[PDB]
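Below are the chains, spelled out letter by letter.
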Amino acid sequence: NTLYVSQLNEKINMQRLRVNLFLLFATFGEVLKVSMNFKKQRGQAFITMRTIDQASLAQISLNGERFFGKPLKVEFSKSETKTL
Amino acid sequence: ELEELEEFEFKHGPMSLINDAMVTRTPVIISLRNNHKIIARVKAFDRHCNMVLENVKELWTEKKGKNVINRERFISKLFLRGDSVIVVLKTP
Amino acid sequence: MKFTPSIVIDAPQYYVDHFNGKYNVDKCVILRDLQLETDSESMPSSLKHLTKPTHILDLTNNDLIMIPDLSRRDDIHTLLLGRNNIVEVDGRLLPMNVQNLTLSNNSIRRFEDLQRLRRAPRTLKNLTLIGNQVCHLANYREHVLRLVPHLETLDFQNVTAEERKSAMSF
Amino acid sequence: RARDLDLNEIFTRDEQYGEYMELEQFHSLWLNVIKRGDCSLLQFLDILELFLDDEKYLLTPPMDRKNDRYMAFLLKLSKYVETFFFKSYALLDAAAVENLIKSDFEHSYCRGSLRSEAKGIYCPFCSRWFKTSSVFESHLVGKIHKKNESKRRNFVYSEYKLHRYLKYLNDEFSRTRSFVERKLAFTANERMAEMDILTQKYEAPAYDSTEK
Amino acid sequence: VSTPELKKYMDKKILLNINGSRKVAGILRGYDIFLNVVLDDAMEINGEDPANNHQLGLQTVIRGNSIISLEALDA
Amino acid sequence: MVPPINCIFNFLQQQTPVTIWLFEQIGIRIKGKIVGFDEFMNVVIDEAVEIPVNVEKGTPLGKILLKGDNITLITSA
Amino acid sequence: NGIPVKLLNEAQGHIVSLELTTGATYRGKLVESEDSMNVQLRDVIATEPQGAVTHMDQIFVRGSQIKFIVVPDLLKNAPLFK
Amino acid sequence: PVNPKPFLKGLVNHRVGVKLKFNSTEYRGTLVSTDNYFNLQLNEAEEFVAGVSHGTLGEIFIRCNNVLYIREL
Amino acid sequence: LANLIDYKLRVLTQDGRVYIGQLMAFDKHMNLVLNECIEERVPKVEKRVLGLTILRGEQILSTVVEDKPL
Amino acid sequence: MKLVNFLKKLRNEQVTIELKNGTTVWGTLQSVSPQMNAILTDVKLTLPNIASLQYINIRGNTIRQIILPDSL
RNA sequence: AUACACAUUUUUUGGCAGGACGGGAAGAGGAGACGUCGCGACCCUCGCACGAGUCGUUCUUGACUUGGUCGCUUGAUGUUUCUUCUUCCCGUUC
Ligand SMILES: [Zn+2]
Numbered sequence: 028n029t030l031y032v033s034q035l036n037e038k039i040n041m042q043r044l045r046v047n048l049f050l051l052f053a054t055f056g057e058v059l060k061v062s063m064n065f066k067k068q069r070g071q072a073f074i075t076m077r078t079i080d081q082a083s084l085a086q087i088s089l090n091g092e093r094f095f096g097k098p099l100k101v102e103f104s105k106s107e108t109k110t111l
Numbered sequence: 017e018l019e020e021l022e023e024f025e026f027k028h029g030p031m032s033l034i035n036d037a038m039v040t041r042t043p044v045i046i047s048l049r050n051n052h053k054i055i056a057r058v059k060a061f062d063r064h065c066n067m068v069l070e071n072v073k074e075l076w077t078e079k080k081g082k083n084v085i086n087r088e089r090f091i092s093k094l095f096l097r098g099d100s101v102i103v104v105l106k107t108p
Numbered sequence: 001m002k003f004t005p006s007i008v009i010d011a012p013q014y015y016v017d018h019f020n021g022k023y024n025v026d027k028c029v030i031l032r033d034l035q036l037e038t039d040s041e042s043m044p045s046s047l048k049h050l051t052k053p054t055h056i057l058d059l060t061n062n063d064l065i066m067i068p069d070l071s072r073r074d075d076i077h078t079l080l081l082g083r084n085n086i087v088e089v090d091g092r093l094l095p096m097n098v099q100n101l102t103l104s105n106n107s108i109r110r111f112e113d114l115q116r117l118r119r120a121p122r123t124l125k126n127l128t129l130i131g132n133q134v135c136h137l138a139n140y141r142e143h144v145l146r147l148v149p150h151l152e153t154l155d156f157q158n159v160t161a162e163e164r165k166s167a168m169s170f
Numbered sequence: 160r161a162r163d164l165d166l167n168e169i170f171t172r173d174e175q176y177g178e179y180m181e182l183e184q185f186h187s188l189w190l191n192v193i194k195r196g197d198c199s200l201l202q203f204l205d206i207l208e209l210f211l212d213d214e215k216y217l218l219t220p221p222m223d224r225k226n227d228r229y230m231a232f233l234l235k236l237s238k239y240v241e242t243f244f245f246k247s248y249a250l251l252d253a254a255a256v257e258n259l260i261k262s263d264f265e266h267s268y269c270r271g272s273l274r275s276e277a278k279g280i281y282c283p284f285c286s287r288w289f290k291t292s293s294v295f296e297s298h299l300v301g302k303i304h305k306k307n308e309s310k311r312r313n314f315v316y317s318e319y320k321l322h323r324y325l326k327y328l329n330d331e332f333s334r335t336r337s338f339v340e341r342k343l344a345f346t347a348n349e350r351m352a353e354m355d356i357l358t359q360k361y362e363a364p365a366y367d368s369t370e371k
Numbered sequence: 002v003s004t005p006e007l008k009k010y011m012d013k014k015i016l017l018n019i020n021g022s023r024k025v026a027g028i029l030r031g032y033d034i035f036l037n038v039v040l041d042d043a044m045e046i047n048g049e050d051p052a053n054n055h056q057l058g059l060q061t062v063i064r065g066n067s068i069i070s071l072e073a074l075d076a
Numbered sequence: 010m011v012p013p014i015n016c017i018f019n020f021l022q023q024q025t026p027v028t029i030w031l032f033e034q035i036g037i038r039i040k041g042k043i044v045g046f047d048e049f050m051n052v053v054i055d056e057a058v059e060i061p062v063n071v072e073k074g075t076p077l078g079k080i081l082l083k084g085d086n087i088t089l090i091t092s093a
Numbered sequence: 004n005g006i007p008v009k010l011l012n013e014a015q016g017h018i019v020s021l022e023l024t025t026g027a028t029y030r031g032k033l034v035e036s037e038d039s040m041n042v043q044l045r046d047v048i049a050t051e052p053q054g055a056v057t058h059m060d061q062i063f064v065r066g067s068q069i070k071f072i073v074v075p076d077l078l079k080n081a082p083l084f085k
Numbered sequence: 012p013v014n015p016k017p018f019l020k021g022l023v024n025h026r027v028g029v030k031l032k033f034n035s036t037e038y039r040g041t042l043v044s045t046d047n048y049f050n051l052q053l054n055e056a057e058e059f060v061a062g063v064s065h066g067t068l069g070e071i072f073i074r075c076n077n078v079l080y081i082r083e084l
Numbered sequence: 012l013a014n015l016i017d018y019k020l021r022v023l024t025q026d027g028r029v030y031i032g033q034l035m036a037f038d039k040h041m042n043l044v045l046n047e048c049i050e051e052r053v054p076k077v078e079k080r081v082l083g084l085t086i087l088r089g090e091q092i093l094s095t096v097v098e099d100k101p102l
Numbered sequence: 001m002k003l004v005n006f007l008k009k010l011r012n013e014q015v016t017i018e019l020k021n022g023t024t025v026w027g028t029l030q031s032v033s034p035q036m037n038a039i040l041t042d043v044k045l046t047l048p078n079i080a081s082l083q084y085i086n087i088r089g090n091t092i093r094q095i096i097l098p099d100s101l
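Read top to bottom, the protein sequences are chains Y, u, W, T, y, w, v, x, s and t. In terms of the authors' numbering, the first sequence has 62 at position 35, counting the first letter as 1, and numbering is strictly consecutive. In terms of the authors' numbering, the second sequence has 75 at position 59, counting the first letter as 1, and numbering is strictly consecutive. In terms of the authors' numbering, the third sequence has 38 at position 38, counting the first letter as 1, and numbering is strictly consecutive. In terms of the authors' numbering, the fourth sequence has 295 at position 136, counting the first letter as 1, and numbering is strictly consecutive. In terms of the authors' numbering, the fifth sequence has 22 at position 21, counting the first letter as 1, and numbering is strictly consecutive. Going by the authors' numbering, the letters in the sixth sequence line up with residues 10 to 63, 71 to 93, in that order. In terms of the authors' numbering, the seventh sequence has 12 at position 9, counting the first letter as 1, and numbering is strictly consecutive. In terms of the authors' numbering, the eighth sequence has 76 at position 65, counting the first letter as 1, and numbering is strictly consecutive. Going by the authors' numbering, the letters in the ninth sequence line up with residues 12 to 54, 76 to 102, in that order. Going by the authors' numbering, the letters in the tenth sequence line up with residues 1 to 48, 78 to 101, in that order.
One or more of the hints may lead you astray.
[Unchecked claim] In silico PhoX-like pairs for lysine-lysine, Cα to Cα no more than 25 Å straight-line:
| # | chain 1 | residue 1 | chain 2 | residue 2 |
| --- | --- | --- | --- | --- |
| 1 | u | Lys27 | u | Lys59 |
| 2 | u | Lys59 | t | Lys9 |
| 3 | x | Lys20 | u | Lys27 |
[Said to hold, decoys possible] Not everything, but these chain t residues come out facing chain u in the computed CB check (under 8 Å):
| # | residue |
| --- | --- |
| 4 | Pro34 |
| 5 | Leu47 |
| 6 | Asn78 |
| 7 | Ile79 |
| 8 | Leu82 |
Keep in mind the hints are simulated off the structure, nothing from the lab. Quick reminder that beta carbons are idealized off the backbone N, C-alpha and C, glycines included.
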């Protein structure tokens, strides 16, 4: 349900990164995550999704998408998100 | 006994003005903290000077781009908080 | 099928992640003030029963042709329009303080069709057109910058004074 | 068809859906107008009665009809009475009534409709009489009457409306005056229970689950 | 009525800031339930720059209701 | 290291001239001898003087009962 | 006692931000919080309404003088949900 | 100890004047009575604003809270 | 006031500042704890995210129902 | 006696409350607390341009005065 | 499920005092601090867990400890002192 993204332009501020990520990933389904917990940027964002099919669809469709200058790398998270 | 002493102290104290006001149904004027004044008859009062006032006429003072003008309005049934009271004057 | 108030009353209504507020729209179909997703919205309408409490509008995955028919909504800050078929934009949009517009994966063909976005006064900071045919046309980026300089971030890339000046040069 | 139709958004509680008309507010404004307090609610209603007569409100005015405060007040009040009238009688064609009154105003009122066997013909706009109809007509072109009819037109017309609408509502006027006297002659408990009643009537379903 | 746990501050030099943008410095003498304070070697810091020794040993009292806040100069 | 009420009591006994700083008022401060006080810190102050700071002038007031609420800072001069 | 007083006593040992009636902001570790809202604070960074910022070691402000506090979000879990 | 309450009791039935915290108003009149919370009743009162006579008010009540100080005149 | 619990509420402060947050708890003094509370001043302009805040009942003017709970 | 009880009687009454800050309030009293904290519904509110609000609760000490109907 | 809330920290208070508009640009006769959060990056840094780290017991809980920097090449904002006109373009209204 949660996707781990990395390889992103960390120069973007936290709140703008989160708003653009929620924006971009809303096309596949409702994003449940309000804020990046990791507070370290450097691409390492987790996106939590209410249904699992939207997570898979986002993963396949947005691999290597140019986002703030860089092609994002997307994978499935190792563990389940606390909110799930 | 305690209640009695409280009512009595109220009667012979400064409150006697507002007590007298209710019993005589006399008009009194109240200078408030809003720099507005209320001339009215005292329907009810309280230890905090909370009041029910009838036949209220409030007068006030406003400044414009020329000479200061006094403004006034009539409020027939007015209930008033007790901390707004600067002064309660009783007069003929 | 149609976006009607009966639908306005009872979709999954909640608060965005971002804590953006809203109240959603689903008696049987298309939604508003949250997740307007996947119920085949042909034409936007009946936004009035939204009655203003909404920060965001996730229109994605509908069959929207154009973006008109927006009642005056002071609160709406974000529109997530993805996966529709937006050919045109109204023009008298002017919902004051619409900061973000997501046009991703639609069918806007011409530069001139983008013109109405200039009307967004100084609020439309974020606009994403990626996934449209207009992106392929020459000098797309520079024309969006010269047309709507209000945008601070375009296609999730940030404007920058360099291409502002190039947009001035052409 | 009319599922979102609500009377309480048209009538106040003191009007009781056309039973009474709330004139206390106007009594307040009136006190503000006369710059004193010698005037009671009932004496104010006594003042209003003048406007039931065809001549009193004109020849025995509460205040000077060229007074500002007065004309303003009269405007507000007139408007109120009219809206109340049509509000309480939806079923009658409003436009018909309006036009009727307007034509009566133009064809009679402003044409020397008020006549006295002694003083002749009175003019609403100049507040003067006239010996004969002849001098009356040749006065309707004079610079004076032009000035006045050109400045005080809206007020005169509003006055007139207040007149005819109050006439059409004589029953409601009386009904309310009665109410006033009653409430006035109540005690504390009585007045309270009565208010309770008006309130209940106000916030009650128009159709009870127990109707025939 | 509670007593302020000001014992840690006793016999320490402190900078009291008080309503009206006033500021005084002095050694914390006593206190009460009311937060009223006795300050020895009190020195008024006027808004200009100079300071006046109001109560070198004669000590002053500050009403607790007027005490905005109190800074410890020492540790 | 003495409670303020005892401090005021030694002002009472010593009969020293006392300067009070009032509440939210820098412009004027009051001065005079403390002949007595109560639990509410209302003070009867004798030969009291109003001292506007804005060289300083003042108004002699004689005996005064000053309410304790005004009191910001009681001192000796 | 007040339930918010109970929370504020839970906030002891954490880093909190205080705004006073004057408008100055004191951020730092809260040592102690009385029932009367009197608070003892450590290693305070202060920002004035003018924008000037100072550092101070130990500060103790009266309860009545505090406009409001912000406490860490750790406490939001419990047990005040009941 | 001579307390403000006994001093004030002795001040009853005497010409006084009271300066409020605002100083926008002073009141000079006979001190009729004062209560335990120290509200003030004066008679024949005269109002001095900015040190000048504003007018003669008469029987007057002063909210305790507004009182800065009272002095005998 | 107990009904208002958990709701998103708008409090008006004594200084005119407007605070908005979830109402978690109250007390006698009307001291309020507001979760995810943000501040608005002029009306958005000058909005700040405060987070969890107590407000003192002496400062509070009024409260109004802002939105439904999370 | 206690006037606050007299306010407690005032539920479902339409009133105009002036406040110490100068604010005007207009609405139907749902309840008033003994603190004189007043909860009202269907309130138009004018700060010193009217904002319309479903429910408004006011802290009692802020209330300047409340103007009641003359019918009361 | 069935007395009290006016005398210092809370609610009985130290408060009061063709015409117009709105941008953006140019040309002529708004500008200094001091802070606090952002557009870009030649940089830093390099990774799945966080609130984090450990243990007892059981298929999920209870205890114990403790973006930062530089530019703006005309980013956004509250103290706090001092002293507009004309032209062109784009929106609303009549
Ligand atoms: Zn004529």
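**Report entry** Those earlier numbered hints the structure runs against, lowest number first
**Finding:** 4, 5, 6, 7, 8
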